[PDB]
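Encoded as structure tokens, the following chain is the form deposited without its partner chain, with no partner shown.
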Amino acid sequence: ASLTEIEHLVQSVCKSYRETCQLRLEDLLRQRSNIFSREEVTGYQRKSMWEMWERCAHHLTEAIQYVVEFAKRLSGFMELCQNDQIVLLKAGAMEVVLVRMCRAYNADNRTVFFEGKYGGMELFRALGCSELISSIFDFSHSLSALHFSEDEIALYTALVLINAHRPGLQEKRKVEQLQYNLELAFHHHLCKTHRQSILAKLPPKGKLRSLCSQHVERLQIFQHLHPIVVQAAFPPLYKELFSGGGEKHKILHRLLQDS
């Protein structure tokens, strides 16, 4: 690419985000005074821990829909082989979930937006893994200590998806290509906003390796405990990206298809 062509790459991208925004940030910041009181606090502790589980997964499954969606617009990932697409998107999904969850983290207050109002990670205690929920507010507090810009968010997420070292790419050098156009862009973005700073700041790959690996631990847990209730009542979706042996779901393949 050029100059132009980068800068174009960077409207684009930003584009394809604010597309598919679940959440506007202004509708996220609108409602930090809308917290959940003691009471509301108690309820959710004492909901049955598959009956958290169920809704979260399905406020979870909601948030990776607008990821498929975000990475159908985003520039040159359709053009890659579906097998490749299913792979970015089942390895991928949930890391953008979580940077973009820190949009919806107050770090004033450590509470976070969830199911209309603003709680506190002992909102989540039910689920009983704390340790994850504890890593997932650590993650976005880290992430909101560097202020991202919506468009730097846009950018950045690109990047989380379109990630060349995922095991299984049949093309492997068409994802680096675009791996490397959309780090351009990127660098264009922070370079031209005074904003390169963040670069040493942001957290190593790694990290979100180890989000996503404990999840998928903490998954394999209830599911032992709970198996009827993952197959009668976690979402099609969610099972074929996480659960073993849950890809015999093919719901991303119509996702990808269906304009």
Given for the second form:
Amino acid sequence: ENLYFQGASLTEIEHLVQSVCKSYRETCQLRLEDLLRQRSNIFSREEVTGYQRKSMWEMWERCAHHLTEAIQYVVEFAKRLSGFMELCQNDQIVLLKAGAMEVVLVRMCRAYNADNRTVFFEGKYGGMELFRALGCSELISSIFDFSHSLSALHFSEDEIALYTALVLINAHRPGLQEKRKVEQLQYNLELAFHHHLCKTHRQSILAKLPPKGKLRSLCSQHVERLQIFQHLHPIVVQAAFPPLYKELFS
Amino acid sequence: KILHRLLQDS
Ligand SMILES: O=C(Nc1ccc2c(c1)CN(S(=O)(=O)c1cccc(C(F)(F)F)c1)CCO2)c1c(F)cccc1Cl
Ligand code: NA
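What does the same protein look like in the form solved in complex with its partner chain, given that the last one was the form deposited without its partner chain?
Below is the entire complex, every chain and molecule, led by the chain shown above.
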């Protein structure tokens, strides 16, 4: 059904590097150059206070819509990924439901500034205190710490491309019907990522990558915090939360 | 519903 569902040659692995990097380039929601330029554009003490004074439900809704928009670009990235559209729909949905949020969490390090511990949010950079109204300080600080640790790796756009391809194509996701097909596609993407690192003398980052349990913890923490919020404001979830967000998380 | 729609829309 696809060349990457079988053993690929070196030349075919080189093509895969280029294909993933291209799919990533085209599905970037935010340009790296725009993100770095915006670093000096920081929310004022008054803007911070204004976000903090927003009701818990209002803040949750704004964050849910922004997450949804990020997810939309990840679905497009998946569709453009070699072999993804050749998997069955059950498997595509299994991969996106378990991995979309994980991809968004990795992509986030680009919009995060390790210098002053700020993140790009609604046009400006702000510290974690910006999200205080959400009432999930442990999750937010765990998200800022993850972005901080990925920032210290100084990933290129091509490294993010390949590492995110691998975050999504995980043959271990519960519910995959064509597991062996996912295993071969995963093997080839692993080879494409490790090949690119070898060629660019960047293999030293492999031991530095976060353990898989780290992305899972962040994802389980998001699911848990959403359950607490849903109990408090069930009609907010039902009436004002985006349908794609709910399909993925509830 | 949405995920299905996004995957099928080319
Ligand atoms: O916000 C949550 N999940 C989330 C994760 C990644 C994301 C987005 C949302 C969407 N964002 S954003 O709202 O512009 C933004 C920008 C920067 C930092 C954050 C921060 F810290 F909140 F994660 C958010 C783009 C970055 O990708 C979240 C949470 F943490 C707790 C409860 C409920 C929710 Cl919805
Ligand atoms: Na960064």
